[PDB]
Amino acid sequence: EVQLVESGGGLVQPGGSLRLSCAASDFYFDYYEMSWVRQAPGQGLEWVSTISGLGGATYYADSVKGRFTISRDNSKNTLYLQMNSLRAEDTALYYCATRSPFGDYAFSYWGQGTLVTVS
Amino acid sequence: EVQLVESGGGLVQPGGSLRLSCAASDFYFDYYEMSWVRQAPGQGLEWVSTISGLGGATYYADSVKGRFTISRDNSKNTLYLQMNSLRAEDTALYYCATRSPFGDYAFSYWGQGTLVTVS
Amino acid sequence: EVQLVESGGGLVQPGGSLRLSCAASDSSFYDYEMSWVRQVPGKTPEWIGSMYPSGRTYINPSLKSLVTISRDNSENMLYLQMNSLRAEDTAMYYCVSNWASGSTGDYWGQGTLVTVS
Amino acid sequence: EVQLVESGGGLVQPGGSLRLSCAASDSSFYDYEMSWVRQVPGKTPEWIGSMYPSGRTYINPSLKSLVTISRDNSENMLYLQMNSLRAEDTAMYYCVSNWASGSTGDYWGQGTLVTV
Amino acid sequence: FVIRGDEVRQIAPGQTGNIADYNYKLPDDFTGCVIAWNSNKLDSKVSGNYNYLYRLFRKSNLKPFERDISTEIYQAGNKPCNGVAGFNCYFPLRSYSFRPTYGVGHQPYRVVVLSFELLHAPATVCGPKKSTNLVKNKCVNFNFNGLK
Amino acid sequence: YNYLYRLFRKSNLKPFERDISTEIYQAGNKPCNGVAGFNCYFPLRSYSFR
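Protein chains in written order, with this note's numbering: chain A, 1 to 119; chain B, 1001 to 1119; chain C, 2001 to 2117; chain D, 3001 to 3116; chain E, 4001 to 4148; chain F, 5001 to 5050.
If you are wondering where the hints come from, they were derived from the structure by calculation, not from laboratory data. One or more hints might be untrue.
[What the hints assert, rightly or not] Computed Cβ-Cβ distance ranges for the label pairs, DEER-style:
#1 C:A2100 / A:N84: 23 to 31 Å
#2 D:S3028 / B:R1019: 29 to 37 Å
#3 F:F5049 / A:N84: 52 to 60 Å
#4 F:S5021 / C:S2074: 18 to 26 Å
#5 D:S3028 / F:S5011: 35 to 43 Å
#6 A:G44 / C:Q2081: 46 to 54 Å
#7 B:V1064 / E:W4037: 39 to 47 Å
#8 A:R67 / B:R1019: 19 to 27 Å
#9 E:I4069 / C:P2014: 49 to 57 Å
#10 F:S5011 / B:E1001: 47 to 55 Å
#11 B:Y1028 / D:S3028: 30 to 38 Å
[What the hints assert, rightly or not] With the Cβ distance kept under 7 Å, some of the chain F side facing chain C (calculated, not the full set):
#12 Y5001
#13 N5002
#14 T5022
#15 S5046
[Claimed, not checked] Here are the simulated EDC-like pairs of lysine to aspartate or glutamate, each with C-alpha atoms no more than 20 Å apart in a straight line:
#16 B:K1076 / B:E1006
#17 E:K4129 / E:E4072
#18 C:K2064 / B:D1026
#19 E:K4045 / D:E3088
#20 F:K5010 / B:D1104
#21 E:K4059 / E:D4021
For each residue, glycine too, the CB sits at the ideal point set by N, CA and C.
Full structure from sequences and hints, please.
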């Protein structure tokens, strides 16, 4: 009954940037939690960042403190992920998920995913 | 001269379900044996279930007795695998195989495979 | 000692049947593998067909029902008959003996051009 | 609980006709096969006629042009009209549904005794 | 099931005929066993034995291990009789004729095919064990259920 | 399709042994005798590296 739509690129220069725009539809994005979960080929999933919808604070991981940025828009329900300082060790499948902070620890449901190449 | 076509999903919520539809073409599926073989990352192949074509009895493995079900259709030569009660320990690459019961113990030929993620 | 000479290469219109043959040296080249390979300029070599000593010839799954390998002469010859030529068949064809186990014992012989236009 | 009963037995001269009746319970037993059988005393049973689910029927080559079977009621009936009875027709008749997997999936009825 | 004595050979991989083409075809790759035995002393009688039916007219080659219980009107010609049980559209279901006076080739034979289906599931149906003889007062190896 | 591998064989391969023969495989009871058709699958197949 509820789905997710993602977008992005397919090839990124190792040192450039890419425009990632997750386009949700019919969500309670005012008090929900949306972020990105990376899927590197050969291993499991990894957490990237977290974007709180309550106040607007954005938290990053240990190795992506000063190389990522997120812009949340509430006019058309879209998020922008301007990835900077990219290298060959960022090969992963990104997933745009959405959960409820007032629930369990795991996400409710994920999207379809986007593949990027950096080499 | 003989090939196999598979289909399904690529990402499942840990607790949801997925529609797996193996679509065979130009097979003697009346007296043949078609089943699924899982391929978990890090280990070899494992047997999941089996569907007899002579009488119609469906056999399951030890840990998937009360969580899997198979529906075989002979009108358009397709099989349905309704996977229920999924958790984080079901990450495997599924393969739709087909063999002859009146032959050797190993399968004749497999398909291309489908990847699913549950975590 | 190994001077495999290829013959048959020329200009054939799309649709014809080209019959290549690599004449080998008068020696014991039998009882071993025999393979064909195309060398389209600007790409890695591509396997065409094998001539296993037992007699069973395996063909590339991509070029199925299009080419065939015949050796019903038993003296010194090997024949490759390719039917329904297409545009991508313009390549340098080679007939090697020690394939699938080479990179230190493979003997790439001579090679001729095949253009289909 | 399939408890199909039989009726139509009695005494008659060898110049009349008998209208049998195999009343089946209200269930899904008419979508499968339906057939009759005789159980003459002192011999193994013998097939008489078979009512197919499609709507057609077949008769044994022995009792040709001497017995007709139809339903023509649309709810429940196995009439099996057996006009022109003979001397060897006095026996116990049964109507069995699945006369195709005997000794494994057959359900014999009560049976009616007809005397000529 | 039960067939005629002359057609007990048609049931075999590759062998065709009447019952092997439209009634029961055995596949070319088969790892079971076919067996038959004469039953003329318990399935025959001198009255006319028509208690065994068989199909003789079918659409095409019957797929091995298939059940066709449909009774549609057969089409033997080009005339669409539209299911009236008339000429060239006969009912494709007949019966055998077994008499205790016919030759051995026309006697009823009860056959049974045991197809042995092997599977990746744990083996269930098997045979008995060794159960060798027991000699006493001698140094021998005992191999009981749980005490070897 | 320029890399081959064996999928069908009678017994398991001995440690440090190379199998260069190409005898046809028999998956049933029919005496194929070198036809390489139904129930006589070829012992060597190719990969698919895309």
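Outcome of the hint check:
1. C:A2100 / A:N84: 23 to 31 Å: With Cβ atoms ~47 Å apart, the hint is violated.
2. D:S3028 / B:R1019: 29 to 37 Å: holds (31 Å)
3. F:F5049 / A:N84: 52 to 60 Å: violated (34 Å)
4. F:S5021 / C:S2074: 18 to 26 Å: Between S5021 of chain F and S2074 of chain C, where Cβ atoms are some 20 Å apart, the hint holds.
5. D:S3028 / F:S5011: 35 to 43 Å: Between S3028 of chain D and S5011 of chain F, where Cβ atoms are some 54 Å apart, the hint is violated.
6. A:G44 / C:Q2081: 46 to 54 Å: Distance hint for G44 of chain A, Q2081 of chain C holds at roughly 52 Å.
7. B:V1064 / E:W4037: 39 to 47 Å: Since the Cβ atoms of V1064 of chain B and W4037 of chain E sit about 44 Å apart, the hinted range of 39 to 47 Å holds.
8. A:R67 / B:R1019: 19 to 27 Å: Violated, at about 39 Å.
9. E:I4069 / C:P2014: 49 to 57 Å: Given a distance of about 54 Å, which is inside 49 to 57 Å, the answer is holds.
10. F:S5011 / B:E1001: 47 to 55 Å: At 27 Å between Cβs, range violated.
11. B:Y1028 / D:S3028: 30 to 38 Å: holds (32 Å)
12. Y5001: holds (5 Å)
13. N5002: holds (4 Å)
14. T5022: Check passed: Cβ of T5022 of chain F comes within 5 Å of chain C, closer than 7 Å.
15. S5046: holds (6 Å)
16. B:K1076 / B:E1006: holds (14 Å)
17. E:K4129 / E:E4072: violated (51 Å)
18. C:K2064 / B:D1026: Distance of about 18 Å is within 20 Å: holds.
19. E:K4045 / D:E3088: Holds. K4045 of chain E to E3088 of chain D sits at ~15 Å (cutoff 20 Å).
20. F:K5010 / B:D1104: holds (10 Å)
21. E:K4059 / E:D4021: Holds, at roughly 11 Å.
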